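Next up is one chain by itself, shown in structure tokens, the form deposited in one PDB entry.
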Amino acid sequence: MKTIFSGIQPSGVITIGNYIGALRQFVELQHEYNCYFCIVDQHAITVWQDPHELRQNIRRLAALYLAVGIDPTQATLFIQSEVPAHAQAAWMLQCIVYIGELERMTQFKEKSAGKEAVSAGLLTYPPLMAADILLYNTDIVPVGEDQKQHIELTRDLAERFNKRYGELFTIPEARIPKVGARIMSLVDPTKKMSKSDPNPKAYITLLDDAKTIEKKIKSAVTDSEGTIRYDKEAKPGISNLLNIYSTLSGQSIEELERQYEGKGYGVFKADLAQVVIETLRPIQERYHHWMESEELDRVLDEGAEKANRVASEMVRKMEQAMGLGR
């Protein structure tokens, strides 16, 4: 049985983009693999988080992991900062990666561009992510398309460690879904939907109510051609909405194109809103159950004990390979 690791930042409430690109597949993969799923709060603070909001986003993400169907007896669910080994291995991998490699990362370039001063944590985001992955001898990392480059750097860091010091790490491999690997923003269809977007109209969160979802879909930007057909270059907004519709309803894109012949954007968007609402309905109900209870903390307690045992042993091996300590 191979091992899976994946994380999500408590930098906000997860979006349908996070759901379609990652979390939805976690729920199937837990039955086929040894799975670790992580709330990566040390990654979240690489940009400013208000402390009260961050504490609460951590609880909410834990509740949403379990609400969408992750079974804490089939997968290990835990908070990054409660496992000190992650920071320990991240320091060691920071001494392996070169500065030039971190500066050419697309996400660092995008998230720092135009900013006068950004934190060192933003630059050193990959070594901590590589630590999360590599500590558990991970084979498969399910992520959306935007993380492919980070996984490629992780493979490089693991090879480098293994060849500079001796074979220790499994070389992980990304698993990127064929559909929905990059949901686009509702207000700018040339950039991806991000849960930290300063514009709330850009994303649907899993906790948005019905009136909010209706507003956000009906104001999603589209062209003026008036024809519901998939075409990424010429109709990027409608294409994105057809992708969300298709993957949540199970109807193919061409089935939806046929379903909306001679139909206007207005009835298409009204319908899509109800597809998303009906999708989120059972999720939000299990979410409220987990938020109201102390069972949520026991799951995370148990998860951190299990993760600590595995990770702190791999840290011992890393230190012995590098010659640290005794």
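Rigid core (definition): largest C-alpha set, two forms, superposition within 1.5 Å. Numbering follows the first chain given and starts at 1. First, how it differs from the form deposited in another entry.
Large C-alpha shift between the two forms, rigid core held fixed: of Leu272, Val299, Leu280, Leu64, this applies to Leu272 alone, with a displacement of 2 Å or more. Once both forms are fitted on their core, the CA shift for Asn34 between the two forms remains under 2 Å. In the core-superposed comparison between the two forms, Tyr165 has its Cα shifted by less than 2 Å.
Comparing the forms between the two forms, the C-alpha position of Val141 differs by less than 2 angstroms, with the core used for superposition.
What would you give as the form deposited in another entry, now that the form deposited in one PDB entry is on the page?
We keep it simple here and write out only the one chain, dropping partners and molecules.
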């Protein structure tokens, strides 16, 4: 079958935006493709990380991947740092990307703005993501819209490498959801929902309790038009709530507008909050189970084993093509 790769940074906050744009796709596609799902701890360190929190966040994210339903008999779940090939291929790709290509990355630009002394990993974040995808001969990379540009640079590098050294890499393609590719902040629906928003009301974490989810959904900024209809430009707040509702419930945006015909924001938010609770509760129960189990470590051990077998071989072919080593 075709191969899928995708990764998530281990951090203190994993949002419903991460779930809807990514994790939901991973669970959907796992049985139909060869799947590698990575905990990108080397990318995490492109900004300072408290070492104790980083180690815990890596375990947390592995638990969340398993809690949402990633099945180790269907997919390979592993930690980026435990497969040396990622670092090795990243170096090779860094030698073929131009500085100007990295500087124009929007992710870099945003993460480094108003900064005084920027750390180099932030700039070289792309070749490492490109190595993550290309090591596995990846065909599809399911992500939310914010990663599209990185995937576009990955395709540019794979093409450049193939052209200079011979056809080695598969040119990967992004798979971005139709609805929910970009879940927006509940506090300012013109902004993406971000793990690092300083306002905790902007996002819902996958570990938010029921009272908390109710409070954040109820406080979500809307409009004065009291109509439940999708219109991103005119009604960003309601439109974003409709995307969250649709993707989590399985109901179309049309279905939801009909259902809420003549209805006001109060009932709509109460219902949505319950749909979020319904979704997160089981995830959280499974999450705690994994966090307390020795099996979490076993799953990651096996996934690293498989990923190392494949990636190490691609690295050998890349070295051979560039004429490194012997």
